[PDB]
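Next up is one chain by itself, shown in structure tokens, the form deposited without its partner chain.
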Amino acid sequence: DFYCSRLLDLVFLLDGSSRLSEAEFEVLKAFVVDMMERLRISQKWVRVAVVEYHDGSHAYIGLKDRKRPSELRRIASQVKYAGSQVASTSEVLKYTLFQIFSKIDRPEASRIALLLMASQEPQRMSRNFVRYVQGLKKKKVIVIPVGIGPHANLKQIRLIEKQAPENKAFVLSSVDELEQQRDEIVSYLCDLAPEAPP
């Protein structure tokens, strides 16, 4: 296991498409909970946010939400499975940019959006993908794509790694590989965010 305390605002974006079974989705949410504990959201150092995205964006936890750990883990665990036909990564990103990271009430902590993707949105919806990804950059928001399975929008994952250097991506064959390279994902975040006290 890998744990660490750091100044961070981490946003979990979860693919709500039918490319993942309900049961698989339950594994994805379990990964989010572990992540919350690993980064220790129990401290005022890390702020977490959780958004599920299919046609639209569904936020169950906001960064400035003031609730105790046990409560947040619950919400995260209760995020509803959508099993939707469409999961627009451009929508959730547009949402992250305008509705989550609009301002910078913490120019000290790192801002990271972990975009857990398992599908490929229709091209007709990706007209402003790069525009939004670029916007996130202008606001010091690092986007880390996590391709899950064979249907992850690889063109977009590449396009994200490209827009910024620190935008490193992870590719897992299935949600089961999640808990596999978790330490690897956590380790990379502790190297991106400034330190906090234990």
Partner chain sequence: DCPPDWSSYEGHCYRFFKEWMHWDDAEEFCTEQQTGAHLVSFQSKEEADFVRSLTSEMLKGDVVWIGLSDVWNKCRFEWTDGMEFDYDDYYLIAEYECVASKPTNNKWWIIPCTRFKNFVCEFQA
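Basically, rigid core = biggest C-alpha set you can superpose within 1.5 Å across the two forms. Residue numbers count along the first chain shown, from 1. Compared with the form solved in complex with its partner chain:
Only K44, out of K155, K44, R68, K138, shows a C-alpha shift of 2 Å or more between these two forms on alignment of the rigid core.
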Contents of the next structure:
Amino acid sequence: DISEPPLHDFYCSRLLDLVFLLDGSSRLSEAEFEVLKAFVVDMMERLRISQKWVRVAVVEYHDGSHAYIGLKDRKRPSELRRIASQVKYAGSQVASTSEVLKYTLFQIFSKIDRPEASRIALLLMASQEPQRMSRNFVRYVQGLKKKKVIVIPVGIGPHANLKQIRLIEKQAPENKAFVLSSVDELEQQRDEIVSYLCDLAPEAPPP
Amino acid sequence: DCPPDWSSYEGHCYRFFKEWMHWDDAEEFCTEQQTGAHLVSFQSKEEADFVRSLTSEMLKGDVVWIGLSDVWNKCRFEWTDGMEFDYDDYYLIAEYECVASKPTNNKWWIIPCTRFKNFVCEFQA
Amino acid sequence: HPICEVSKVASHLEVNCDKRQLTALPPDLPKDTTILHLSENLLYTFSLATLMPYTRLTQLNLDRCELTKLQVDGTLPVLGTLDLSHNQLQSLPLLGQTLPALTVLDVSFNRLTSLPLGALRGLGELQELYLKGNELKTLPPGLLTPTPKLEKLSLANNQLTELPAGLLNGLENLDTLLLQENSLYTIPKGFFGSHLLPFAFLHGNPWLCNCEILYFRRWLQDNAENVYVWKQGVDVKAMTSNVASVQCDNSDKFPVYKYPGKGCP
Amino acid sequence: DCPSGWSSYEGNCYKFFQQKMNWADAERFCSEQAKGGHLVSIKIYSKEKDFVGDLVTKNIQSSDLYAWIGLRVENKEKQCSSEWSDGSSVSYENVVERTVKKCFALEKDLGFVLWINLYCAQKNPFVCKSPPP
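Now the other one: the form solved in complex with its partner chain, given that the block above is the form deposited without its partner chain.
Full complex below, order starting with the chain above.
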């Protein structure tokens, strides 16, 4: 069977749809973008990934949103984790968060067909879109809230949009934030984030 | 006293552009067009009359981007019941709009900055 | 089960039969089947009714099966999702009568030449309609009527040449409209309504920038942040705002939104 | 606590009135409605947002899109940009009256939770808030 065993003692076995949103602006060097992807693979490594447990998704964003992994893709964890590591560096002048959320609100979560499971959009931010693009930012985070989608922003660097990070965290309880200084601090904090994410999801009614 | 394609008035150099873009892009442009320039800034009626001429090339009814931007967030709000708050919690809570002049009758219109329009640039050397 | 794989989780019973080169519906399928995967099989023919013994079937997947005819008789009351993509249907099966709960209809990449009046007549809850990669040239006026709660519409990659002026009429929840890569030359006056299309794909079309393309010129200047570009990539599906993508005389040349309109009133 | 016909939340009396008036006429209406009466004030981050939200949404029931709230632009000008993009201070302005959006109401979409500024002249229903009588 596709199967594949758990790599670590921490193997999140819950009902959850986690969307990885990767900041794709030149605010991160080609080299740091790696550290980041590694973080996502790292995170993935610690989740029981299958349509009937933890469902991953991977979108890298600058002007538009690029999805290398869809929630419904039935593929082997090793594979999804492979695609994960191959997300092409973009480094755009501007990477819009309002956009990736719009994309996340209207595209990734337009249908909440797996209601029994928690929905989380991990928003890894390392830049700050121009104020002329945030006109609908709150509409989205609230809309995503209407859909029971928790938003957990992770700011990386002196360039991260702290204003938006703090608002998201204020929009709802569950919406916690992780402000960091550099892509390095990520694997150092991996466990806290993932333990926080996993614990925000329900257990299987059986087991 | 103004480079070609442009014009002159009261010691200023105005110029109309039929290029389409949102307020922020119009300003940007206007600046890059000639050091020390921004979007037209109507300081007097008779001034709004001359810019009215550099127009002619656009449909009647249309408007052009001008010196004023984000005119609702720059505001100071208040609750009829006195309830105080912290402006920080109010993130872009008002509509993001800019002002545009309509030559036809030179009446200003506060509309969404996002929209793409033409604009006039001015500056003084 | 001797043929298909079953798995119970939450309110759903998922049974996989895909990639099994089945020619007919396997026998003795779990009675409480919630979703059915008959994807990637041989089923050159299938009969809806043959599923009635399954009252709890919300999602049936027949995608990729060389389907030339769909048996629309009998009746499934809890089915909302139907995937008939990647098959060889010559005409759109009238699901109005047997499929009521149906919310998402997918028959993209089939060989549809046109669509009948009352095509969707009977499809009330429907919210997503995908008709990409078919041969359609023009659509039936007042088509999406029975489908007023419609959210996504993909008429992408087809052969459309005209668009029913009042096509998006009465739609108050349309967030995604896909019309990229076709043979359209102009939009009908007031074709977008006073709606608010978050996403609209119009690239890959031969627009004719004359005097009728101004209603579309304005709109393009009024919603430049709603003009998106669709693009696949073996391992990357993207959507990017780019009003400059829409342009009379495709390729990369003169954006419609820039069309001067000289010589026009 | 609260007078018949009003819902209460946090030691306060709230009420949605299906009577379309301009932002101005609504505040006065609220004022004369109860001692300390005013258009509802919403603490940006609190169950109150939701409260006033359900309070309307589950009753305004209509074709209406807005509900007047107590917040309003307090500046006297028509627009709040004191200077032009060139620094020159704004003196001679010529704004089209019905374009000045200086009053705030609750948007229908999403559940009457998000705020928006409109042309105060606009006749929309509203929500009053007042302390327990």
